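What follows is a single chain, given as structure tokens, in the form solved without its partner chain.
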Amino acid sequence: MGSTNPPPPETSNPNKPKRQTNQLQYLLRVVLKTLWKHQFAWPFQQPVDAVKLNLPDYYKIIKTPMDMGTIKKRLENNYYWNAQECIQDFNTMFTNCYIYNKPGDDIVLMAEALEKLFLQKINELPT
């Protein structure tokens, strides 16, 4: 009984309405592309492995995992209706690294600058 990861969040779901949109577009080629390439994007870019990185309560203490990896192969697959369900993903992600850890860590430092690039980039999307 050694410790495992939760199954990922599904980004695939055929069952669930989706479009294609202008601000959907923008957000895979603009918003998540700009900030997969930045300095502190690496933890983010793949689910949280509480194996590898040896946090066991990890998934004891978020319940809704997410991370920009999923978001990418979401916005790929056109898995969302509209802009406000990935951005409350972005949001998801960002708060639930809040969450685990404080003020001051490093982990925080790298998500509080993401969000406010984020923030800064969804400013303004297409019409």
Second form
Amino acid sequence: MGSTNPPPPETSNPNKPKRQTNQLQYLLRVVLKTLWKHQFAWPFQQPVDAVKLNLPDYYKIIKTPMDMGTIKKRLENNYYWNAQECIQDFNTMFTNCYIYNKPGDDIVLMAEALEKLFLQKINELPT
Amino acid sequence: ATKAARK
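Okay, that is the form solved without its partner chain; can I get the form solved in complex with its partner chain now?
After this comes the whole thing, all chains and molecules, with the earlier chain placed first.
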């Protein structure tokens, strides 16, 4: 009974309806590719490894995990039906960080920064 | 657990 991580969110589901839309293509090519290069992106580039980071309570509190590594794979795999489903995953990722941690925490400042930028970039999407 | 020291 060592701590383990849960399986990650799925990034493939052949039975799920999906599309490659202009807006989804933009979410990959512009928005995620951008965010992924930010100085504060690194904690969010993969599922939280609660074993490595010694956070045995993380997955007790966070029951809908999400990260930008899972997002990237989903966009690459054309997993989504529309851009809104993708934007929802970004919001879950941010909101998870705010739930688990506290205002003022370094990890919270990082999320807040990425989130301001994500919002700036999706303010105008393709048609 | 926490990700950092309490500020």
